[PDB]
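> So you can see what is in the structure, the chains are spelled out below.
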Amino acid sequence: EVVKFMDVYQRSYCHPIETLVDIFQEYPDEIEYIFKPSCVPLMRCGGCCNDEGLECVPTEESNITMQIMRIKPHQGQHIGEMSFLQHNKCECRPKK
Amino acid sequence: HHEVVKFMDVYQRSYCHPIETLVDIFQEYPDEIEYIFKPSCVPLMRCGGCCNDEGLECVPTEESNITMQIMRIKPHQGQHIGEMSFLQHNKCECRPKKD
Numbered sequence: 039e040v041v042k043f044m045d046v047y048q049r050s051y052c053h054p055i056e057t058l059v060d061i062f063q064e065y066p067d068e069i070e071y072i073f074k075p076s077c078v079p080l081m082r083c084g085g086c087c088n089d090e091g092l093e094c095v096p097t098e099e100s101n102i103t104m105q106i107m108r109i110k111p112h113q114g115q116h117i118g119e120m121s122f123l124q125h126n127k128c129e130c131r132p133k134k
Numbered sequence: 037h038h039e040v041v042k043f044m045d046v047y048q049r050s051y052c053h054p055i056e057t058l059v060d061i062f063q064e065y066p067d068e069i070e071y072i073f074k075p076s077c078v079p080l081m082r083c084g085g086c087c088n089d090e091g092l093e094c095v096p097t098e099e100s101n102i103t104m105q106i107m108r109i110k111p112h113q114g115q116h117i118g119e120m121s122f123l124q125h126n127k128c129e130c131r132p133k134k135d
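Residue numbers (the entry's author numbering), protein chains in the order written: chain A, 39 to 134; chain B, 37 to 135.
Every clue listed holds true.
The calculated SDA-like cross-link candidates involving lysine to any residue, where the alpha carbons are at most 20 Å apart (straight line), are: (1) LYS74(A) - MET44(B); (2) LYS127(A) - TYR47(A); (3) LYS133(A) - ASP89(A); (4) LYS42(B) - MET107(A); (5) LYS42(A) - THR103(B); (6) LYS74(A) - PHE43(B); (7) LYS74(A) - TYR47(B); (8) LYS110(A) - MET120(A); (9) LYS42(A) - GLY118(B); (10) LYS42(B) - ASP60(A); (11) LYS42(B) - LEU123(A); (12) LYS42(A) - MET81(B); (13) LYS127(A) - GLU93(A); (14) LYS42(A) - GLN124(B); (15) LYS42(A) - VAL59(B); (16) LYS42(B) - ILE117(A); (17) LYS133(B) - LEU92(B); (18) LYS74(A) - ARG49(B); (19) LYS110(A) - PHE62(A); (20) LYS110(A) - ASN88(B); (21) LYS133(B) - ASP89(B); (22) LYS127(A) - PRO96(A); (23) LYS127(A) - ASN101(A); (24) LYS127(A) - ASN88(A); (25) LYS74(A) - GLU129(B); (26) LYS74(A) - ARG131(B); (27) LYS42(A) - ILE109(B); (28) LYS42(A) - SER121(B); (29) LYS74(A) - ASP89(B); (30) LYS134(B) - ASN88(B); (31) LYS110(B) - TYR47(A); (32) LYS110(B) - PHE43(A); (33) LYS74(A) - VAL41(B).
For the record, the hints were derived by calculation from the structure and aren't laboratory data.
Generate coordinates for the entire structure from the input sequences, incorporating the hints supplied.
Laid out in structure tokens, this is it:
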């Protein structure tokens, strides 16, 4: 059975959506370490806009600290805090 | 303000599972050059998340098709809503990378 048009657009439109982020892509300055887990769930702007001209971007941003096993391989390793950017409010806005 | 997310709840929530993820139609279908689409983009269940070992990688096992209605526009020429099928990952698990 079809996912009805109205219900697509409504559900796609530019909102914050829980998204999984590999720590090492987001932070490549964490070169000495692997992380456990490798990856975290973060609220992040995603989705279509009315016009192909617009793009879906944050307006309010905030911090979530989390505890992350930090491993220097074959060496010391320790759970530690790590702070991450989360997008609380999104809106469609012009590209450049 | 807001308490730190406890390790248990990280791991549990990160681990390789299907997660609703938003996918540009033009990436999924790149042969569709003469059309824009409304939306630009659709919600599809897709494998995402950590694996215990940097050796493993998080991959689909069961896959399925989900038909959805999409405004198809040829610009300066208007349009037609029509059906369009999409790939969705129903079941994921961590498995070794040969890559």
